[PDB]
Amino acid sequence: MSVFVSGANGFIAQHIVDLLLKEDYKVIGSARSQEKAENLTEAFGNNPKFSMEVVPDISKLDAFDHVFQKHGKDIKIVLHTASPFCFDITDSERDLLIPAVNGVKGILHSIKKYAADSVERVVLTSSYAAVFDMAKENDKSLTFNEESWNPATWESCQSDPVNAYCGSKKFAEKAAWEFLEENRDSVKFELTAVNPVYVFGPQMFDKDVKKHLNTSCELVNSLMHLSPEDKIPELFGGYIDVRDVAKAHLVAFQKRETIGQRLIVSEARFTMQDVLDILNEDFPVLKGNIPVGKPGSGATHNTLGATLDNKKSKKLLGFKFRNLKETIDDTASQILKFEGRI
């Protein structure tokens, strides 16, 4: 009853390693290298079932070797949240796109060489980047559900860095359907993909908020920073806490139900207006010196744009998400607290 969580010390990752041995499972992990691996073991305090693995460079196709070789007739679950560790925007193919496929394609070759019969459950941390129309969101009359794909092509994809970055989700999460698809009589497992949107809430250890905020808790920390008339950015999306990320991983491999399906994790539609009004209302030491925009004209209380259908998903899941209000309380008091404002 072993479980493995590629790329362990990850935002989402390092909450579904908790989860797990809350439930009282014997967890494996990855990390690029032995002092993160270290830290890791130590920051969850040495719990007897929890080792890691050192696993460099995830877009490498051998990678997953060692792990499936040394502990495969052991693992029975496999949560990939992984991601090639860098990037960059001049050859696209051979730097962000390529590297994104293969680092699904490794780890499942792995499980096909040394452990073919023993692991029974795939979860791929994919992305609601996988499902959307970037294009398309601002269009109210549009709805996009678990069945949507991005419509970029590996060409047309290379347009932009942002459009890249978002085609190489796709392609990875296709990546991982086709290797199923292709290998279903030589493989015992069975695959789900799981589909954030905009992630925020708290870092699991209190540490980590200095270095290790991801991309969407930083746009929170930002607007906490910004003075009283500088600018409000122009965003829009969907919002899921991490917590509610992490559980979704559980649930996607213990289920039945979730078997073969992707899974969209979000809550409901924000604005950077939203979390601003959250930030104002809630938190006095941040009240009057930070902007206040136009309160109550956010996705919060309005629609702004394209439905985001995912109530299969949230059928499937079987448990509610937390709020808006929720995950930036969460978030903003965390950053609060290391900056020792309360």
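Rigid core: the largest C-alpha set superposing within 1.5 Å between the two forms. Residue numbers count along the first chain shown, from 1. What changes on going to the form deposited in another entry:
- When both forms sit on the same rigid core, the CA shifts between these two forms reach 2 angstroms or more only at 87 out of 149, 205, 87, 236.
- In this overlay on the rigid core, residue 263 has a C-alpha that sits less than 2 Å away from its partner position between these two forms.
- For residue 159, a C-alpha deviation of 2 angstroms or more is recorded between these two forms after rigid-core alignment.
- Once both forms are overlaid on the rigid core, the distance between the two CA positions of residue 96 between these two forms is 2 angstroms or more.
To complete the pair, please output the form deposited in another entry; the form deposited in one PDB entry was given just before.
The next block holds one chain only.
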């Protein structure tokens, strides 16, 4: 019995691989190159329960054919986490929409073709971006929940890369639900979506702390490099720690009740002010070297937007989430260890 993890070297995915290995699953991941694959197995101490396959590009609809061709019989759980979340891009349709959508369509078709009778559970790493309305997050009267969907269309979301990325998550997820609709009789697997907000926390391995991080964590790395007189980025959203997100993925395949659900993994709201308040208080080396802003005016003290109601998800997942202080501390301290500031 095996668990397949697409994009296994990713920020979230490495923490998933971690939790799977500790719960004694055999794990198979994919990475874009033999190099990244070998680096990942090595980092995990060449665990004999862990192996990797090379899947260079998920925009290819037959990208996952080979893994399910040869391992389909042994694969019981599929966690599809790979999706472009990168912004040095030339074209939204081609660098965001097509790969994310074809990634989902491809892997599910690979399952149908080679593992229709063995794969019991599929979990898709979607996003809160597939749930919310960007133009409306700022409105205190409105409410978003698991039944909410991103209103943007193919074409409309192509206005800018951030919108396109959000659309890509929406359409990759819609495609997964549509595929299960259209093939319900022809496949055995049940589907769950996991929909994280902004994901913070430490990288699985210290080696992977570099000058610039994965985009969600870069937001903290970036803040820690602003000078006191620099302008504070405007951002309002939910937050969640990466170890909590990884655990949400395990619970999403292990539980009966998470069959056919969308699970928003979100603890509470934040703005950058809330992140500054924490950095300033917990890291003396940062105080006086970063902005202060207006302390206490962030979302950890004020209702500043629409209500994210993920109470259903919190109840389905059945464990409590790290607060902002804990997740920001772990991110920042790990980075300061790489900068040599402690």
